[PDB]
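Below you will find one chain, with nothing else, as structure tokens; this is the form deposited in one PDB entry, and questions on how it binds or moves follow later.
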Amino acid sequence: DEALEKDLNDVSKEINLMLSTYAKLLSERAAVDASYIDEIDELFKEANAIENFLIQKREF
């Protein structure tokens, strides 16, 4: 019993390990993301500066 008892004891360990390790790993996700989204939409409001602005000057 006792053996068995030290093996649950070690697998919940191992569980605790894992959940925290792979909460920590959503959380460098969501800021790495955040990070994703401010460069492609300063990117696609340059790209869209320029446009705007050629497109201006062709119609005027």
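Residue numbers count along the first chain shown, from 1. What changes on going to the form deposited in another entry:
- Treating the motion between the two forms as two rigid parts, with each C-alpha given to the better-fitting one, puts residue 38 and residue 23 in two different parts.
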Second form
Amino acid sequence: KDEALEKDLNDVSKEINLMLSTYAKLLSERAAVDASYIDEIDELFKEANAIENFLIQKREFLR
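With the form deposited in one PDB entry already on screen, would you show the form deposited in another entry?
All you get below is the one chain by itself.
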């Protein structure tokens, strides 16, 4: 009766929470991958910047 309806409502709520939480995990992992790519771009830029500093000081010494 109504009791069975309430208990299966509990199962329904549990299942919906499970799916939304799994989706949240999916999105968190994807966002982590994107953030890692961004950090790699930043590191590449820093390497370039160091090389540029080296060339700038060599050029100033040559002049």
